[PDB]
Each structure stands twice: as structure tokens, then as C-alpha cells.
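Engineer: Here is what each chain is made of, one letter per residue.
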Amino acid sequence: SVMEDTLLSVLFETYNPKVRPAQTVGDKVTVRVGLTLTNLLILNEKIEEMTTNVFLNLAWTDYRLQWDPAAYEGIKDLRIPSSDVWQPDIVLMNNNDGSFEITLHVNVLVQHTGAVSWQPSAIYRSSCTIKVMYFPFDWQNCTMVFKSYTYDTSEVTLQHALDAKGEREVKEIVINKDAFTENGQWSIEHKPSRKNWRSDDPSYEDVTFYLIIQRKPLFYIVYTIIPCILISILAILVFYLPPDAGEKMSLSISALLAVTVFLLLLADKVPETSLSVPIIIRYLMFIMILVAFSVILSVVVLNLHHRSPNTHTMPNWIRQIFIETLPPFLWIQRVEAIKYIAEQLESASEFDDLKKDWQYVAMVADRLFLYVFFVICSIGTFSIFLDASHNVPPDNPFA
Amino acid sequence: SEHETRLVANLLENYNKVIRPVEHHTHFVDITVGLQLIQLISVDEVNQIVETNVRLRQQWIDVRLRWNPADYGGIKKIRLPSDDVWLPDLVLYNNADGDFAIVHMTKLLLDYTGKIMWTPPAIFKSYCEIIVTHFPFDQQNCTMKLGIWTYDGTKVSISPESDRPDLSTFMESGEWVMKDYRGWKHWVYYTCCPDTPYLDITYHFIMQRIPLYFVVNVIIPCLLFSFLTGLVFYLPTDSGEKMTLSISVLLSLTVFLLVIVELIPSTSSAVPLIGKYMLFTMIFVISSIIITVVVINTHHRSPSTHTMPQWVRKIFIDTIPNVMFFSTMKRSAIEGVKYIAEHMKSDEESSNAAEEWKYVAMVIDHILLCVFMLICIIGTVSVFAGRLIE
Amino acid sequence: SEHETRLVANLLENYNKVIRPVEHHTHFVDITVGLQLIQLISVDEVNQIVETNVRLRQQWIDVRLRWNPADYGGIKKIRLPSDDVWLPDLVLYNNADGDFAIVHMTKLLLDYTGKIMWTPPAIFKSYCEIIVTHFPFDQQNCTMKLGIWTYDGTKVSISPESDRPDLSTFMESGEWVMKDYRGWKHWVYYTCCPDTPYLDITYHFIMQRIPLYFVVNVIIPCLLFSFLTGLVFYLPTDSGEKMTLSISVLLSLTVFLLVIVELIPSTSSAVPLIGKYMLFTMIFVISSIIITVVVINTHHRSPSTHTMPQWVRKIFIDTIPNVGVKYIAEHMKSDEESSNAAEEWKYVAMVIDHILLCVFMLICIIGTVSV
Amino acid sequence: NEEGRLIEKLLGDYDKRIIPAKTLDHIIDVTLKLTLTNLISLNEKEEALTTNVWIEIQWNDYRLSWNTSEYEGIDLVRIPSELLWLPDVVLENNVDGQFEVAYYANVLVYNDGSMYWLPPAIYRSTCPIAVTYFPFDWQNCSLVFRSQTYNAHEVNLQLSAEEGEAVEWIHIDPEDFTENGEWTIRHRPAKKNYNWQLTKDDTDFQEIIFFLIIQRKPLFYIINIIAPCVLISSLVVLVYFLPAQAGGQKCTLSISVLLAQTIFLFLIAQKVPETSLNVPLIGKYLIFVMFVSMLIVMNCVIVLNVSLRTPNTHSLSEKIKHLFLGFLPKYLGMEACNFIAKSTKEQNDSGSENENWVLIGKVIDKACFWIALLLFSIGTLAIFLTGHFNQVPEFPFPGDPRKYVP
Amino acid sequence: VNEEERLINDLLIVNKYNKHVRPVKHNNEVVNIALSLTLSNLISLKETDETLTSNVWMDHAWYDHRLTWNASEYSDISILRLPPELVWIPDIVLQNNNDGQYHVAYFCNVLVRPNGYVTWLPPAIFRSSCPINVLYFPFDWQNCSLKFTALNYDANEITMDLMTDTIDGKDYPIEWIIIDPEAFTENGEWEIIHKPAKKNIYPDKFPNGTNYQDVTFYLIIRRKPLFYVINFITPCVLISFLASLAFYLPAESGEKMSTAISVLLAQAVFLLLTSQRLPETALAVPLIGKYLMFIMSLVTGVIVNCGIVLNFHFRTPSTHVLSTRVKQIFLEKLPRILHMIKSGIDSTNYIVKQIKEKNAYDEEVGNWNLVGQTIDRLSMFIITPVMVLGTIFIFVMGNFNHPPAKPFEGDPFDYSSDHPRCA
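Residue numbers (PDB author numbering), protein chains in the order written: chain B, 1 to 334, 405 to 469; chain A, 1 to 331, 374 to 432; chain D, 1 to 323, 378 to 425; chain E, 2 to 335, 418 to 489; chain C, 1 to 340, 419 to 501.
Okay, chain B solo, but in the shape it has when bound:
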């Protein structure tokens, strides 16, 4: 008979796992809680949920599990099924699904002094409020709140986990280099841990692990921003096309359709939260409105181009403003049978001259919109992405 079997029989002769280990009535059990992150699996912005793979480093003391190793062949510690011993109901209160408890249920390590250590593994899906502004140039701040579901501050005292040596406490999420998978979409800037209390109830206390993660904006630049920049370039180019070629409407309306399609296909990536509008959606809407106004002004230019003295009479103010002022500023500086047929050609020539004046106004107006749209598109696009690049997580996590 091995001595470990005898020690286990002695320890659990009258042990009750349902009783909190308070040696005297009124004592509190101090529970050290720490977190080790092995993989930040997913951050689903559609359902606002962060799923991660973690180890819960739990430590406490159970005075009932004490023995003299000299009397048991020098057994200094044991590994026991976790259901055989009392454990604090340290659960994640921030979970998005119904899973409060850990998954793996590894053995607890019990030392001869009564120090019980437990490091269960879990796949945790916690609730994270996504700050949709600045998406996809944003940092998120997702919290994992751990506390005993049943025992309150009068029964258990939550503390931070100690280091690999017992010299000092760890106030951060531990990352094991040998067992950590870096997420390809997020970079962890801060991983602090802090104990939290609530006023108006001196019985609440939790340990919150904060993950401040900055999104790497690639796969969004190259798949939304660049094509939309190209479409905006086409929209600017619309005003350089001559009205004499039936391609103004095709180009402008196809650009608008492409931007709308990109917006629709991006609608399944952004969250449905209506607190604010993400910056990429704002840029898409700005481009959509710009291309719509490009279509409107191309329609106006085509209307002006086909006007005729037989159809319209040129207002004095329009001729004055456009023909006089604009081109300097925009650099756009320019036997009776025989008698009848001569006058007929003469009548057409003066009629043709007035037709060209309408075509000149359209050409002058087209150039003005070409420069105006280019300035608005360039400044507007640069401004949107100027402050997008300035959104960075703070140096102080604030814990």
C-alpha cells in the first residue's frame, strides 16, 4: 500500500468540500486570483464579445489539508481532483454566453502546509463594449471581471496573484512566451489587473483584468480604402470628360454604384451599435455624397452643353460671370436661288456661334467643378485619415 493512499484517506476522512475553510467563525479566506493568457482567440464586433484562452491562477489556504511529511515518507505535496476539495466559485461575471465557470477542471495542488493552488484552463467569451468610432483605426478596452459568485467580502478576500517567486504580487495579465499565440489582428498595449469595489454595498469586490488592444488596420485599408480612393479618382475624372462623348453618366453613376456596393459589403463588418458612426463609414458616406453631387453637376453640365438659342436665351449675368471672370482664374482662354442659299448659310453661322457660347459655358463650368471637387476630395479624404492616425491608446492604462 502506497503512503499517498493512506495520506488521502486520512485527509478526507471527515472533509466536506461544501464548507468554506474558516478555522474560527468569522475568518475570511484570502484568494489570490491571476490570469494567464495563452491565446486571444477572437474579438467579434458584431456581437461585441471577446473569446480568449486563459489559465486562472487561483491560490488559497485550507487548514484542513495539513499533514507532517516526515510521517508520510516525505510527501510534501499532492495533486488531488478539484471536486474533492473546497474551492471558491471564482467565475467570470462579464461572460457574454451563459458560461460562468472554467472548462478543464485540472487537479489542485495541495501542499503540506495547506496551501491549495489551482490553475484551470478555460475558453472564456466575455462581453466587451466596442467603441465603434475610429473603426477600423481603433483600440478596444475589454475587461474580464472575476469574482466569487456566492461568497462576498465577509467570507473571501480577493488578492492579486504572487509572482513565480513569492517576493511580490503581479498586477498584470501573465503571458507565457512558450505558450502564447499572437493575434494577427490585434496588438496588446496594456494588460493591467486591478481590484474593484462598489460604493453603496460594502460586500462587493472583484479582480478585473484589462486588455487594451490596438487593431492593426490592414485588410481594411487594402480592401476598402484603396478601392474607394480609386473610385473617388474616377469621380474627379468625370469632370474632365467632354460632354460630346456619352460617357459622363456611365462613369459617374458606376462610381456611385461601386461606392454603394462597398458600403453594403462593409455593413456586415461594423457593429450595429448606434451610439456613433465609425470613421470608415463616415468616409464612405462622404465619398457617396461627393459622387452624388458629381452626378448632379454632370447632369447640369450636360444640360448646359446641349442648350441652344433655339431653346434657351443666355442670361446676361451667366454670360458675364462665367465667360468674363472664370477663364482668367482657371486658365481656359479660348439667280435668286443663289441669294437664298447664301443667307441660309449665314443664318446658321450666327446660330452656330450662340450654340458654341453655351458649349463654352459648360466647358468653363466643367473645369471649375474639376478643381473644386479635387480640392474637396483631397482635403476631405486627408482630414478623415489625419485624425484616424492620431487615435492611439493612452500611455497610462488607468488600470
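In case anyone wonders, no lab produced these hints; they're calculated from the structure.
Please note that the accuracy of each hint is not assured.
[As the list claims (entries may be wrong)] Derived pair list, reagent style SDA-like, types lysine to any residue, alpha-carbon separation capped at 20 Å:
id, chain 1, residue 1, chain 2, residue 2
1, D, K276, C, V237
2, A, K380, C, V430
3, E, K272, E, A228
4, B, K131, A, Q39
5, E, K17, D, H104
6, E, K449, E, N437
7, E, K46, D, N47
8, E, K46, D, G174
9, B, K46, A, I264
10, C, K327, D, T305
11, C, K333, D, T305
[Said to hold, decoys possible] Under 7 Å between C-beta atoms, here's a sample of chain B residues computed to sit facing chain C:
id, residue
12, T181
13, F219
14, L230
15, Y240
16, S250
17, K409
18, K426
Ideal Cβ placement from N, Cα and C applies to all residues, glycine included.
Since chain B is already given, all that's left is putting chains A, D, E and C on it; use the hints.
Structural biologist: Quick look at chains A, D, E and C alone, frame taken from chain B:
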């Protein structure tokens, strides 16, 4: 704790959890029931299911679980697994996808007087008959009915903890705003058991939708394309591509119709306002395209083949142009020479009659441009504002 | 019943379900195994998983579970929970998404001679390597492999109930037709255990797809757009719009090819014939667009800058068709010459269009002879 | 509490594994009743009907009988169903693996041994979808309940009776029923069914089937799919009034309408099952309107070809010109300057031939417009009159004279 | 009577077997666990979720001195089968699992021999985290790993080891994933190039912490790209050829811009399709994604060039002056390289002046027409070579992306089942 271990041994020795905690079988178990809403997980309108995160606070006295604190070192409260004691069988009546009762079975607090407080968590996925009339400026009234399911009011009577569900630790949705919430207790006689009443508590939530997401992502493009439908009448028919613009807008509205159809449930109880707007815009585009084809046919009417009716010439050349002031509308050698003069004379007459049809066509365009822009704004600004007025 | 209560108490009093139902340890348990297919729930081709509803009939003799009916009021058959007795460890080898063994654990029938019949239900989500060649007029052969998984043939040998799985209560799929189905028993030596053989039964179903849904949703529009491709040849270059509906048809064919790709698994074992047809149609449309561009360029050839070579003029105009005051007059003569040259170019372009149209209709009628 | 003593006495020498047959050749009568609280959904993609029901199972267990006078007049107890023998009534035609009830509530036990169990359940049952008349269709779904473990020699499944009258329908409690909003329940009959291909020792010989015959409310589909599709398919016909002179864009309009019809086809395929036993009615209409659009694109191509040919490239035979311009418009509603002069007359001679080809194309346009209008209108009317005339049968079973209503 | 019942009762009940105590005589000794993996079927590799789903058999072997008997004392029973819930088993778990499934799927029987040798071969369906290198998609190879660890005991209590096999009397570790030809299905999309197995020890950790040792099974798999080539790459190239061909359309046709616009739209659709079938990671841009970006940029350039050509074509002397240098270059320099009472007579005099203006007017627009053709030809011979060279180069680079001949950088050993190292 040795005292607590001995107490737990004593309490559960001769305790049967199958049996109700009443001194006499004619008594009823009075259970205080409260609901704490922690988070509104989601409101699936297509499947008409609202899933929420809740805590189901339940308080009742168990006379078999009382002890004298002086006999156990002064212990006044303990924690017990809920699987060890009799529990109420609270059931969510309107369960759509999930558990009718509690399945987590957390621990409960038991004090020396026998009083028990049990606060298990739950994810309630209940059926919500969503009203799709004013989507997305709608408010939904979603409810949760909780009952005992096996005992009448004379056995396991339940009463609400407070007139309203507890939202003290409720986290803001960001997609919905809780306009109101309240719980009501009902005595119901079912066709199973008409002799005695069964007690239930129904907690209802009236939640207003925050429409910023749907407005930006759906409504604004629809407005832009409707405005483009209106704009199509300022495009000259001599340039062509009127059909290009009308068709492109029509295709965009078809795609948005598909997108909106993917969002709302297929129930026919009421027609969504967004669906009414989509149908109105579709009819608007169809009418614009028909009128555009009429205008194009009028512009290309042959002078020789088609002679302009006197009435239409009168109206569309004398009356309508003068009505509107904002527009710029206007209000052998010898025989060979005799042959070319006759040819140019006939061509001049043909040209004058040709431009007459073109002039009439653009007069109709100006009339239809004013009409279509006017009806467009009153079809959206005055119509959408009915719900926005509230 | 008092008799049945006493019988069940007596049978399971000293019964150890860990041990096989053999009088001597050198004997083997002979288990008759049958499969009853209730419903073909789904066939996910992209993920290559077939999920079905089945009953796994298993019959075997337990010598420890026999009694004399005269001692128990004439009771000859009882119902026992499956967890109370020794059970075979049948495992679905090609499990893809689900459980390897039975998980429902329904009650079983036990008679006084020790014979046990157990018919638990199961949802088998097994791996099927689907053949994508003749999509959607394709038959798929999918199997279920069941074995003891821990006892060799000398311990818990199994045999098929019949050579074919039972489909007497099989709900008609509507999406598939069961062309054939049969079970085969195999003796396999694995890398684990090369010294002794392990027994398994493989039930294979050959099911033919009903193509009406895919025909209507995919094939008809593709044929419509192919007929739309030849039309560009008869569309005069003078109206424009040739490139318009040429590219429209090309984009439509591309979209339908994309849909077909989304329908089929990404495996590279074989190329679907529907995919080959779509790719060849797209190549034909590309060639038609190239010839359309050539025809438009030829039609708009400048009479002055470009002069018609002799050979092309001769063939395309002869072989295939048979198969002050002084200034204005000079200007009109030059314009007449330019117009004649332009007309020659336009006639050449028209004759290319008709030749291409004749080529496309041949393709069409030869495909009709193919039907 | 005397209920403790009573329940401890009842369950002392009691095991739930034994069917409570009093003697040999004693068959347990099990009565089933179904209450439909809410028809949650009918998923067409997987052909699954999801319903919220209360399943009332009644039987008799002689072991759980006592004397009321010996227990202070107690005549009713609640015992958890995990501690009792159950008839093992399961939904046979479930899409998932869920055979049994969702909750396992307490069973009400009366002093005479009467057992009354009313557990709730969310049932996802199989029913093939008849797609012929979608969206003007009515579905006929069924819930089949059997005993998973006992055959007809051990249990006797029956429909419950109230006052000697059998309840041969699905019960609907007015207190706790919710209208679906998309499906209207027309008939809800129930009946006991046999196989006759199995003997009464096979556990599938007897079953109880509850039928839900439901009619779809098509207003949503008519508003959101049918009406826009009809409008676009009517827009098809506008090509016949557009010019054929590199303007008007007949081909672009027709092709774009065909593309919109393709988009509608994708939407409908998204909203219909993939049964492949019949073509949906709206699917048939879409196929019809796409083929009409394809003929109109071809007719537009033909009209452009015939109206743009010139005497330089084409020869206008007097037979065709005379036949068209005479028959059709009647039937329907309609030094020396000689070198310069002779060349001026040349354009008139060539131009006149172009006008004749233009007039022929307009004649074809007017003639084909009425054929297209007639074909589209009849096809639109005939297809959607078929759905409008698709009526739910007057009786739950077409031969039975009974109505199966309370 | 069966002797197995008596033997099992003696081993478990009579001897008071404790399944929660290591099969060790003294607490300071270590239990050696030989571990092996058999790949029955590589079910899937979801790139979007970065998850490898595999069907495997886990082979555990160890010794339990408590499960020892004299065979001749029990009628020559030479092997026994016991449920895992009755005997001590080592809890080896897949640490890098995406879902919450750490253990094997089915807890089959364990086989124990009279010398105490215990073997366990349960099946499992494992969904593990496999980060995807999208750099060379679809001509890419992935490197997935299954990391098994012992978390119920530390390295001082149980030691994980690779299973050993003997050939001609010599024992060698099985440093590879076992693939049984009788029971194995080729994926059809992925081909296994390397399949090594390693016993990893972390010196910076301590042997009493359960994070000191593990056994990792590696799967290096090359994607078969014929499906992706035929279904995606070929239509992209064929469509881009139309953007190339848009330069040959005369400006007189009103379709020069529409062709290029439609090609751009199709390329954008293909780009979005590529984005859908890939994870949203920022490690690198996919090869197909880089090609699509380059093609879309070049097609945008083609659209701009077509706009320039159309603008030049419709220039007229009424609004634009044909400068001498532009005329000379675009009319001779580039085409050479590209190898392209009595007033009746006075009334008659006025007519010919108007005719002279028309002929001069037709000359200037004729010259502007030839300017546009030259710019079209210049772009046709300068953009098409770039697209052909760019298309060939990118797809040649992907086609030359093979997994390395060795599974590990500094390791010269080839972890092949045909060449055992120690034997």
C-alpha cells in the same frame, strides 16, 4: 470550519428535498421572486426572439433548515448547493430557444432562521412579437412570463419583489434604450386545471430602438437615389444616357430592397414603414422611366411622319413657357441651282418641325422636373416625419 | 409488477457489466449488426459531410441474463436500460462532426433465453468525399464504417444482419434518390495491432441527385446569356451598345460561375463539368468581345489615314459575299471618294460580323445534335 | 408535513425501470393531448417546424396509490418525473436528436394511481415543403409521437377524452396562445395511426399524429417581391418606343431589366427551400419573365439590325417592303453645275432607302409590342391567378366528412 | 464462469485499487507516458476562423504495477480490457484547442497486459488554432501544430514521451504523425508534406509546474491550387485583358470608358471575393490580393488615359489651339516609332468663304483625331506589356513557393517514417 461542517451534517441528515417546506401540507410556500436584468444580449427581429442575461432572485423560508447559532459557534449564515434543498420550479412560459427553467444551479444563502436567498443566472431567449410598423424608429414591448408550472397558488404562491424589474446593474445596450419596464402578477385558470388558479409574474420591457445605424446604412442612400430619380428629368435627351441613369437608380433600389427584405421578419401582421417607402420609391422610379420613354419618343418624333397637333402646340409653346419665369426657355446649270435651293428649302422646313418636337419634349421635362422634385420631398419629409413627431 | 421487479432485482444483483457475456473467456460474443436509415438529413458538399438519422440494430446473447418464465409468472420479455448491461462499443470510424459512438442510450429488449435486441437512434454526421465531376447530375457514394474498436475478432466478433441496410421506413429525401445501398464486412489489420484482425461493417449508399433545383437556378440563365452572346454579331456597329451587352453577358456569366464555385467544395481532385462549361463559355465570350472590338475599329476606320489592303478587300468583298465654284465641286468629289472608302470598310466589318454569327449558330446546332 | 411520509412510503419499494403492469397480458393505457402555445417558426431551408407545446400524458401506476384517510386527506402529490416510470413518449419525426421533452416537470400523482404529466417542449419536427404554389402555399406538417421502448402489447397509445368525447385535435388554450403572424392555422386534426407492415410487437406499430395545416399569409411577399418584379417585367416592354439610331438605348434597358430579374431570382432562391421536387410558382414566373426578356433583347437586336441597314450594305427587296408597309400599318394603327446637282441628288436617293428601312423597323416594333404586351400580361395574370386560386381543402382529410374541431 | 470477472475483482476490488493515485511505488518516482498520434482524416482547415479540424487516434502507453497478475494463475488470461473510469489514466490535453474541447471524443476501453503494460487508443475530433500565413495564397503551405500537455501532474511526477517502435531488435522513437494507409483519406485540397513530432522541454520553467514539458505534432500541408487557379485566377486574367483591349476602341464609339469601367468593377468584385475567403489578419497582403490591387490600379490608370484620349479627341479650334510642338510630336515623331444689282456673283463669293472655313475646320478636328489615336497606341504598347509582365511575374512567384525540404530550420533530420533515427 468544524462548526459549519457539523451544522451541514445535521441539516441534511433527515432532509428530503422532494417535499415542500411547509409545517402543514395545507400551507403554501410564499416565494418572493425578483428579476434583475444584467444585459440585453440581442433582439432577433427575423426570428422574433429576445435574448437577455438575467438573475432570478428567489427568497423563501424553509423551516427544516433552521438552527440555533449558539450551538454552532455563532454561525448565522451558510452557503449551500441548491441541489441539496427543495427549490421552486420557476418556468419561463414564452421560451423560444433555450431552457424553460434554471440549469446552472448555483449556491444559495441560508441563514439560521431558515430563510433562503437564491440568485441563479440565466440567459432568457423568449418570444417577442416584434411590431415592424415603424422600423427603424419602432419601440418593442418584449415580455417574460414566469410561473410555478406544477403547484397552484395554494401550494407555492409567488409574489413579485418589486413592481419593476431591477436594472441597477444593467449595462447600456447601445442599440436599444429602455423606455419602461414593469412586472405584473396574474392569477390564471387554464383549461387543464379550471378549479384552482395558477400564479405567474410577467415582466414586460418597452425598448426604443436607436436608429442611427439603420438611418446611415440604409435610409440615406435611398434618399440619394430618389433624388437622382428626380434629377433624371434635367438631363437632356439629345445626350442620351437618360435610361442609363434611370436604370442605375432602379438597380440600386432593387439591391436595397433585397437588403431591407433580409432585415425584417416575413410576417404580414403589418406593413413596415420602410417597406412602404421602398414600394413608393420603386413606383416613383417606374413612373419616371415610363415618362422618360415618353419624352424620348416625343423628342425623336419624325416631322414628316408625325404632325404636331394644334392643341399640344398651343399649350406647350404659348401657355406653359410664359407661366414659369425662373427658367431660361425662349418665349441645266440654272436647273441644277434650282434643285439645290429646293433641297435646302425642304430641309429647313423639316428642321423647323423637328426642333418643334424637341422644344415640346424639353417643356414636358421642365414640368416633370418640378413635379417630381416636389412630390419627392413631400413623399419623404412629410411622410417620415409622422413617426418622428411622436 | 412484482414478478418483473423480482426478476430485475435477481438478474442484476451480481451482474458486472464490465465483463463480456461469455461463459468462458476463450469464447467470443457474436453480435448481429444492422443499420436502418430513417432520413437523409443533409449532404453538405462544401464541407463534405453527410448527416443522416439512423437506428443501429444490435443483437447478441448474454448468458448471464436468462431466466425461467415459470418462476416469474410467465414473463418472457422485459425492457432494461442499456446502461445496466454490457454493451458493444460500436464506433463510427469516419465521424466528421459529432459522436463516434451511441449517446442516446435507450432501453433494450431482453428475453428469457438471454437474447438482447437494442435499437438506439443516432445522428451520424459522417465524412463523404463527394465527387464533383458531373455536378449537378452527379451520384454520390457515401459510407458509414462501424467497428468494435477495442476487441479483436476473437472476442466480440460481429456480423451484418443483412447484406443491405434497411430502408423500409426511409423518408424520401426529395433532394436525393437512393440508387443503391449495401453493407460489406471487413477484417482489417491496423498499424496498432498487426497480429490480430479487427472486424468492421461498412454500409455504402449510392444516391443520385435530383437536378431540377440547380437546373432552374443556374443552368437556364447561363444558356440564356450564351444565346445573348451570339446576338452581338447581328447587332449593327452603328448603334453602339455592342460592348454594352457583350460585357453585360460576360459579367453575368462570371457571377454565375462564382455562384457555382460557392456551391462546390474547394477540393482539387476533379474539375466539375459545369465549371468547365462555364469557363469555356467565358473564353468564348472573351473571344467574341475581342472580335467585336476588331469589328468596331474596322467600321470606324478613317478612309484617309488607313487604306484597305488588297487581299482583305478581294476576299471579304468577292468570295464570302458570293458564298470658288471649282473649289466646291472638287471638295464634293473628294468627299465622295472618302465616303466610298468608308463604306468599303463598313462593308468589310459587316461581313466579319456575319461570319462570326454563322460560326456561333454552328456551335449552337452542334450542341443541339449533342443533346 | 404528511406529504413527506406519503412520498417516502410510496417510493420505498419502487423502481422506475419496471412498467406498472398489474398482471401478465396487462396493457397500460397512455393518453396523449397536445396544446400548442406558439408556432415558433417553419424553417423552409431545413424543412423544420419549430413549435412550443405542452404535452399532456396520462396513465395509471397502481404502485403509486394510497389511502387518503391514512394521510390526513391528501389526494394529490407532485413527484419529480426522474423518480418515476415513464411511458417514454417521444417525437419520432424530429429534425435534430431531441426525442423527449425539454423540462421534465413534476408528475401529479393521485391517490388512485392516476398519473398526470404536463411537460413543456420545444419541438422541431420534419415536414416536407410543397413549393409548387409559393408564396400562395399551404403546408401540411405533422408531429408523430410514439413509445420509444414499448410496443402495442405493453402500452396502448390513445387520444385523451374529456366527457366521453375524444379530443381529436390540437388543443389551443386562449390564455397562452400567440398568433404566428405569417402562418394561419386552418385545420389541426389528430389521429391514431397504424403501420400494418409491422406486427404489434415492434414499437412502431402504433403512433399518434397531430396535424398542423397552415396557410401562408402572402401580403408580405406580394408587397416586397412580387410587385417590384412585376413592375420591372412590365418595364421590359418599354423598349418598343425607344429609337433605333444609337440612342434611346433599347439594348441597355432590356439587358438591365434581365439583370434585375436575375437579382430577384437570387433573392427568391435565398427565400425558398431547395427541395427540387417542384419549381416554385414565383420561380416559374421568374423563369417565364426572364425568357420573355431574353426574346425582347433578341427582338431589339433584330429591330436595330433591320432599321440601321443601308442600300450600300443591304438590298431592300420590293416584296418585303411592299408586304410590310402595305399589310401591317393598315391592320394596326399606322462652267457646268450638273456635277454638283447630280451628286446632290445622290444623297437623296440613298437617304430615301434608309427611311424605308427605318419605317420597317418601326412597323416591326409596333407589331412586336402588342405580342410582348399580350404575352407578358397573360403570363403575369395566369401565374398569379393560380396562386390566388390555391385554396386550403375544406376538410382536414379530403375523404372524411368530419371537421375535427372542438 | 468467466475468469475475467475473478481477475478484475481481484485487481480492482480485492486489492483496493485507487484510480486517483499515480501508478508508482514511491512518491519520488516518475510515471513515463509514451504518446503517439494517428491522423485518420484531416477534416478541414478554415482559414477565416484559422481552425484545423482533424480526426485522430491518441495512443497512450504506460505501466501500472497494480494491474499485474500471474497469467497461469487465472487460466492463462493474457490481455484484459477495462473502462478508463475504473483505472488511473494520464490526462493529456490539447492545449491549443479553439473550442472548449480538451479531451478525446470517446473514452474507449483500455488494454492491460499481465506485466502491467497499459495501452489506450481513444479517437478524437480536435479543432486546434492554426494561424494562417496568407502571403502566397492560393499557392501557400500552412504549418499547424497540435500541442498536448499534462496539466494534472508536473514533470517530476509524470514524464511525457514519444512512443517507441522496434525494428530488427532496435528501438527508435516515433518522431512523426502515424498515417495508416488502410484507414486514411486524402483531403483533396491539402497535401501533407511533413508531419513531425517533438517532445519539447522549456528550461526557463521548473519541472514542478506542469508547464515544463509537452508533445507537439506538426502538420505542414501544401494547398493544391488547381481549383483556385481555374475558378479565380483565370477569369481575372481574362477580364483584365479586356482593360488592355479598351485602347483599341475608336473614340467615335461611345463605349471606350464603359469597357474599362466594367473591367474595374469585375476586378473589384474578385477582390472582395478574395477578401471574403481569408482571415482578417495584418501579417501580410495575400499574393492574389497584391495582384488584384496592382491590376485595379493599372485599370484605373487605363480609365484616366481613356479620359485623356477622349478629351483630346473632341477638342476643336473654337475652344482649343493645336500647338506646334504637340502637333509635330504626336503627328510624326510617335507614329514613326509605333509604325502606325450685280450682287449675285458677290453672293456666290460669300458661300465659298464659308466652305473654306468648313474645310479648314475639318482639318483641325482631323488632326485632333489623329492625336487621340497616337496617345491610344502609345498607351497600348506601354500598359499592355506591364500587365502581361506583372501577371506572369506574380503567378510565377507563387508557383515557386514550396515548403522547405526539412520541417525544422537547424535540424538536419528528416522526420520521415521511412528513416527512423535511433534505428
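Engineer: For each hint, tell me whether it holds in the structure or not.
Structural biologist: How the hints compare with the structure:
no., hint, result
1, D/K276 x C/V237, "holds (17 Å)"
2, A/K380 x C/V430, "holds (18 Å)"
3, E/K272 x E/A228, "holds (16 Å)"
4, B/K131 x A/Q39, "holds (17 Å)"
5, E/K17 x D/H104, "holds (18 Å)"
6, E/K449 x E/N437, "holds (19 Å)"
7, E/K46 x D/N47, "holds (17 Å)"
8, E/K46 x D/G174, "holds (13 Å)"
9, B/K46 x A/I264, "holds (18 Å)"
10, C/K327 x D/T305, "holds (16 Å)"
11, C/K333 x D/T305, "holds (16 Å)"
12, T181, "holds (6 Å)"
13, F219, "holds (5 Å)"
14, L230, "holds (5 Å)"
15, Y240, "holds (6 Å)"
16, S250, "holds (5 Å)"
17, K409, "holds (5 Å)"
18, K426, "holds (5 Å)"
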